[PDB]
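Just one chain follows, in the form deposited without the named molecule, and it is written as structure tokens.
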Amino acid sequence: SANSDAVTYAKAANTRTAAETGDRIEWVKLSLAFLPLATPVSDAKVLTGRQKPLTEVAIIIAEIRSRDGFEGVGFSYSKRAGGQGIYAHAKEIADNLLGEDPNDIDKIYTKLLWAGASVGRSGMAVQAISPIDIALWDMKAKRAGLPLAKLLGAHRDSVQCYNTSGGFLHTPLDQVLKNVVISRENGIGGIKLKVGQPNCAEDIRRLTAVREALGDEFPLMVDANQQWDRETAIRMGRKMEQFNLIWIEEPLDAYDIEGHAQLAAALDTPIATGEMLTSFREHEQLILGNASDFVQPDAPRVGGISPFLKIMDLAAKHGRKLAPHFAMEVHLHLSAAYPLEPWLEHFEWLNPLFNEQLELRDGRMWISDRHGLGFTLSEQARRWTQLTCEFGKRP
């Protein structure tokens, strides 16, 4: 019998608890590095005069080590102003990590938010937590002897990949076409072209050329980087319907929810947006407002893997496709865990920071057997480091 007329309580033998035997964070190192871009980069934001060409990328790295011998690495970044502040805040809150069980990621994330309650739950402050949150996930996956995608649970072992770095607006059409050949010969699965410049006719000229060279079937997409007004957006949308694009990205201001939704409802061509958003809450508003067919979160920008998972789940509930922005080294794993077929964005920019390179084969990027994020920091990453700080003591 499993019960009686009264109530009985069992006596435990193994009096040992999870609290007293869990691992502990003992050391943390933060770094602010700058990735130089020899060829200044310009998208529509530059051509409209909203910004200056991009000449470097700030990279904020977090390295964490536990008492029991585990280590995690993660990073966030900034294109243009923002890296100094991300590093500075991370440095001001990092010591809160010491003595914490590294497996209680959300508990730690919350503690970090309270430690910096004055500066919000979105924006730069969460981007300062991103490197740490990502490093903790990297550590847990390694602890389990699994690539991050497998710790989370994968739906696919490789992801469709398209290139963005060879289609910027500072690049002459003849060179853009040369890049398409190089990219395709290397097994790329799609091409994205930057548009949204004042001269609309030119963008059409460039787009028609690319589609012409690629052929009717090869996946092709465009990105306006918020540079069109509503009138121009719909107009260009109608005109582009003919190219059979996988999507039209950021046709309007990143916070113009009704404008995006209106555009997505009027065109059969999918609408994509989200890279500029900096929190789950911001993405939620776009999603509830039916802003786009493709949701494009950026783990470093939204606060790390933890909030990115919540964003993915919400998008999935709304039947939206996922096309994460930049940081393929991290997004490869997240997109592999997405229920619906996703897209991965390629830039060769961060390659020098790591000793390993991802495998691009037949249009898809494959998940290697390496653990966690599957990357180790290179000598160059250290050479490009401008500021660093440490807490605790190396075990």
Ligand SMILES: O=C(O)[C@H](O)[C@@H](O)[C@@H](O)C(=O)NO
Contents of the next structure:
There are 2 protein chains.
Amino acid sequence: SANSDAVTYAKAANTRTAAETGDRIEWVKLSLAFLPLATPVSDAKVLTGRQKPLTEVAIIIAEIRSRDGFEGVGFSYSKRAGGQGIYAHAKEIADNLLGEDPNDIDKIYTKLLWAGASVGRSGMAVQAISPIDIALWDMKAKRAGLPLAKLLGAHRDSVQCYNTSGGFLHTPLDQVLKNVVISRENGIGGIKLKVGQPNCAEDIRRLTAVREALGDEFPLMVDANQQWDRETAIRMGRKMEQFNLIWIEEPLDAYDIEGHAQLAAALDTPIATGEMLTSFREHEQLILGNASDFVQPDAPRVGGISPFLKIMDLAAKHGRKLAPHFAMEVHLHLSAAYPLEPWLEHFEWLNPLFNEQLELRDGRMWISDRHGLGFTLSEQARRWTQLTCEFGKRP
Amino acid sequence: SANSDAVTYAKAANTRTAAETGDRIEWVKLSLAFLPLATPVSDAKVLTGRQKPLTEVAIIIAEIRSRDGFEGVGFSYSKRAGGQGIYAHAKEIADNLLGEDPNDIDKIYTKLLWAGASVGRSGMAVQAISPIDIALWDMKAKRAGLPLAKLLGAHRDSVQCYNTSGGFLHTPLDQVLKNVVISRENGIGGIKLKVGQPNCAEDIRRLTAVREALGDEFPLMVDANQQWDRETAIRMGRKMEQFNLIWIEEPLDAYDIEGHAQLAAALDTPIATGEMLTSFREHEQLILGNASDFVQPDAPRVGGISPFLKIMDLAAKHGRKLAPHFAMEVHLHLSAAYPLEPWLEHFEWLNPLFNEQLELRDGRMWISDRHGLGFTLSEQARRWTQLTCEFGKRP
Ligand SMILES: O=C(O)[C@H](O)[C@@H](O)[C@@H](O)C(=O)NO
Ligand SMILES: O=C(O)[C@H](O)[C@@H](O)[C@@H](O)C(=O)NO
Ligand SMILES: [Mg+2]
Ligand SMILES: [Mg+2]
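Can I get the form solved in complex with the named molecule as well, since the one above is the form deposited without the named molecule?
The complete assembly is shown below, putting the previous chain first.
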């Protein structure tokens, strides 16, 4: 009988609990490696004097192994100063992972934030948690025998991909046009050109040439890397309407919410921003402020996959498109899980860190059948490792 | 080298894709069963004449089997009219599942909504998707070899649990006091008393008696099931402050947002509501309107686990507590995944449907080590099945 005049209670023949049987983390290895860039890279931030050319990329890696035989790998990074701090903090909190059930990712995240409460819930501290958070997701996906995108649930099996590495400002227009061809012949689905240099006319010149070379249809976008003031932004915006760009990225300071909102409302061309934000909170302020048509989160930068998922849902709720920044090795899976058609950003910079390469074809990057992130650390990654530490004992 | 003066592209040694290797749904079985209630149940909705006593519960079950050998089970229900419609719609859209990768839960959900676009994105139609959505989550958890709570990521391994079945209005005060003892001796962590009958004084009498019997500390809550108007709600609210209730539930019409908000702001006692809502959208309107301190979603009612997860995140963002309604067999896992300390509602009604029983001890319900939802359909569930249909072919 379902019920009676009183109340009755069913008893559990098997009281074996999830707590007593769950897996446990027993080993963790952190690494700080540096990805050398033979060709110094300069976007508008360098041409305006805000920064020096980029010559390397810091990569902070986390490897986690569980008692029951599972392993996860993940990473965060830093372009310019930040890598030493991310690694150092990760090192100071990593031992908190030992003995935890690796499936309780959020519970662990919270424990790590408390262990470092003094240093906040945004910025560097969460970027130190990113490698760990990502490794745990990588592990859970593997535990299920699924590529990460499938563990999250995918809406597509491949995502539109555009290249950024071939459109930097240290590159002469001549070489940029050559890059467009190389990229296009390799199946790229779009081209992003860096703009925002002091000489506005020169950017217009380079942009018109690229559109000319690509033809009217090919997806083309520009990126100012925060280098314009409001006056210049709207001026350049008006003048670029003719190129039918997929979007204008970071026209203003990453924190100029009303400035972005204003440009977005004034132009038909989509506005994109967010790569520099370092937390859900920060992205939330921009989204509530209607700053852009395209939201561009960066899992490593915002604290990992866990917060990135929350940002995705917020963006979707506000009807925005998603175009994650950098780290395609991770973002491929996240954007594959986004409800609206997204874009993936391509750089070849991290290719040497892994043994496996992603398939770029017919303008899209395809999700392989490999589990989790679908990557294994290369020997080169070990060679480029400068600092490393371990906790626990390999199972 | 990470980069060069031009741009280069890595090639994929293994282009095997996630699309070509993914699992596939090959069989689906739907059932409409009826859970008989020997003792007709009456809450305030019956005493005010809005409805007739509850004598049974409709249970709509979905069973899904994949090519690679995985299976998932899930269900939704209806108290009073609704079961026939939920089953009928589920039956009319179920064949859309055949050939789909069961891991793309959201992609599938969207396909099902489109197949039934004419009937909306809330209400009965999504309640027909609930059994399916839940079965797919059950399957994914099993695929990972984890209880559902662990697949989602848990914050606790057990959750505070209170009983509701022993505090209904068709039950004489004498028997209610006996029920309190039975429940307390069986390890219940709290008691909920139904109120909201025309005779306000009688409810106060019953409530004072229960508090008296329980002692000052024991968690006690009340539920009006929408039966008070605003005037009476605040009046009863003021008078119940003395009982230090964990919450006052559904004091007003489920859609009286400002009414609830007003009561919540006027009383220190928490206000709880939401069980009757049938979608994320509906819950969103109440949360944005600050209707209650406790958000009470119902996975079956809102369209399944997928939408329920979105509701959880919204609630958390607004700093609200979670107290899911009914279906503890499913809600145990969801509330275990909630960041703030939640409450689980107990009814023994569904116990006969499954072979396994949940462990209630020391005021909390413990998550077993069983995978997915951790339940298998009983022979009794088959005996109570009135209609059934199948699609595809058992693997
Ligand atoms: O040179 C840099 O600072 C980076 O490569 C930067 O331009 C890049 O992260 C970016 O903004 N791409 O969208
Ligand atoms: O009798 C009913 O309508 C139900 O049992 C209802 O009271 C129950 O779903 C509820 O509101 N419990 O919290
Ligand atoms: Mg950029
Ligand atoms: Mg209720």
